[PDB]
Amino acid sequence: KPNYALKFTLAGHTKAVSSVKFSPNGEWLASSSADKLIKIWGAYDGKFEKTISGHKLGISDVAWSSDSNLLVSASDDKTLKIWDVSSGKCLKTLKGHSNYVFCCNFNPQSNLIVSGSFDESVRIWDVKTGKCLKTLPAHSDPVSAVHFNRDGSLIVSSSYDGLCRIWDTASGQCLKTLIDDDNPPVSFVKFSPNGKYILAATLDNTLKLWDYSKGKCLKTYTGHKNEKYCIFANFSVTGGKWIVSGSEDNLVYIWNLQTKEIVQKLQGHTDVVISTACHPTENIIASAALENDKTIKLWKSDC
C-alpha cells in the first residue's frame, strides 16, 4: 500500500479550480479555474511560478503537449488557447465551437488537439495553424472528456448522455459505443498508458476499466462519492499500480488497479476534491478542492 503524506499546500486561484495536470517532463503543475486564469506551479516545491491570462470566461480544462512546451486550455468563452508555457505567449486562439469548451488534449505527437464542448461536438484542430480539421457530431449532451490513444489513431469521448465513444481520428467514424446495461452520465474518460483499456467515471459513484478491443467492463472501483462534479481519474504508474480520484466527500481515493481494493484515503481538504494528477516520475499526487477550500495539495509516497 502507498503511504502518501502531505508535503505542500498551494493557494492563489480566487474561484473554483477545474483541473490540475503535471507536465510530462515532471517540472510543473498547471491548474485552471473559473477565475479565467491558468496558473503554473513548481511540481516539487509547490512554488507559484506565474499566471497565464487571456481567456474571457472560466476555464474547464488544461492539457500539456508531450514535450512540456505547450499548454492548451478550454474555456466558457468558447475558445481553446494554445500557450507557449516558457514565455506565457498565446500562440493560437481556436474558434469554432458554438458553446462552452469543456475538455481538451494534444495527441501524443502533439500536432493535433482534440476538444469537446457543450455544443455536443468533438473537434480536431491542427496545432501549428490553429485551424479546425474535423467536427464530429459526437453526443447528445455536453462532452465531458476527450483523449487520444497511444498512437493517436483513435479518440475516446465521454458525455453526460451516458456514452463513451471511440472515433477514428482520420475518418471521423464512430467506431464503438461502450454501454454497461445502463446510461448514467459519463464525466470522464481516458485511455490507459498502454492503450488497451479505457478508464471511465460515471456520476453514480463508479469508476470502470473497460477493455477497448472487447467492448467489456473488466473492473469497477467504488467507495468514493461522485454524483455531481467532473472529477478526473488517474493511473498512478511510478510505484505501485493505482487508480487515483478526487471525491465529493473531500478525500482523495487510491485503489489497487488489479484488486480494486481501496489502499489509501487522503484527508486534508475541506471541500470536494475536484481534480487530481499523478507525477510522471516521482510518487507525487496533486489534488485540488472546490471553492470552500481553494487549496491545491502535493502529497508524496515512498512507493
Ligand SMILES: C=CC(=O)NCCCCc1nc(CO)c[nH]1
The other form holds:
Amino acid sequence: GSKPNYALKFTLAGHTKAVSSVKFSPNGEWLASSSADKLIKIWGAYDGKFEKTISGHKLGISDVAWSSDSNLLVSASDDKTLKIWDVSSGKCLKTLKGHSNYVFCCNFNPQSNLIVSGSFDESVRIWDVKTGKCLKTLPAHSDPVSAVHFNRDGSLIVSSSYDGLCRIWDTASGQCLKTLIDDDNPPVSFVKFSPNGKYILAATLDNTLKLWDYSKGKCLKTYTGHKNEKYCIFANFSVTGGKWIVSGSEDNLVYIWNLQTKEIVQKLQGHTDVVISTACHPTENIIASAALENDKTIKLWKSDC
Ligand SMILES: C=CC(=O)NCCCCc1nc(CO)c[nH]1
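Please could you give me the other form, the form solved in complex with the named molecule, since above is the form solved without the named molecule?
To see the whole picture, the full complex is given below, headed by that same chain.
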C-alpha cells in the first residue's frame, strides 16, 4: 500500500551497554551491531538468531560497517583505532592506528579497497584495506567528525561535524570539492549520500533532517516531527518498498517519512531509550533499530509495503 505497516517481529538482547550502530550485510544474511560494551555481535537478519561475538577493542565501539562482499567488517573505537575483521573467523585482520582521539564513524568504499574514518581529533583518514596503512589524513573539520560516507562510484567522500559544516572530498586527491552546509551552528550530526549519489541526507541537532542536491548545493526536502538535539542518530533511505526516510529519535521512537511528501507515515513504539541507529534491509521491507543504555536491545520490524 501507500504507507508502511512495520510491526515488531524480534527483540535481540545481549549487549551489556548502549548499542551504537546496526548495519545489515549487503547480501542480506546478517545484522552487525556495535556497542559501548567493546563488542560486535552478528545476528540472523530474518530470525534475529544470535550468531557470534567479535572481541578485541580495548574501549567502546561507536560504529561498524560491512565490505561490499559481506566478508569483512570495520569498527571505530574509543581506543583510537579501527579494526578490520574477518566475519567468518571472527579474527582481527588489521588494526588501523593514527587517529589521536576516539574514532567515531567509518565506512568502506564500494570497491572495498579503502576505509574512511572520522574522529574526535577533527580529521578524516583514508586507509588501505590490504595493508592497513593510512594513505591520507584530511584536516577536514574544526570539531569532532560525526559521519563519513562514500558515494556510489567511490570518487567522493561526504563528512559532517559539530563545527556545523558538511564537506565533500575528492577521494583520489583528498582535496575539498564543496562545503555544502556552511553554518557556525547547528552541529551536523549525520550525513550520507543517496543510493544514486545525487543527494545528501543531513541531520542537524535542531530536530531537523534535510535532503540536499549535491550538484546544485540546494535543500530539496526537510523532515521534522522527531527529537534530535544531542546524539548522532543515523538516517536511512528505505528503497525496497515505498520510498521512505527512516530515523531514530530521542523520544524513543523510529520515525518513517514519505521522501517526496515529507509527511510522517509511521512511528514505531517499543524502545525504552533513545533510538540511536536504524538500518534498512537491502532486499526485504525490514528495519533494525537499536537503543541506548536504559534499553540495550535491537528490534527487527517488518512491513508488507
Ligand atoms: C553524541 C555521541 C553519540 O551519538 N553517541 C552514541 C553512539 C555513537 C552513534 C554513532 N552515530 C554515527 C553517525 O555517523 C556513528 N556512531
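Residues that one form lacks are left out of the comparison. Residue numbers count along the first chain shown, from 1. Superpose the two forms; the largest set of C-alphas matching within 1.5 Å is the rigid core.
### Query
After superposing on the rigid core, which residue among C90, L218, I179, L133 shows a C-alpha displacement of 2 Å or more between the two forms?
Residue with a C-alpha shift of 2 Å or more: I179.
### Displacement in Å of the C-alpha of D204 between the two forms, rigid core kept as reference
That residue's C-alpha is offset by 0.5 Å.
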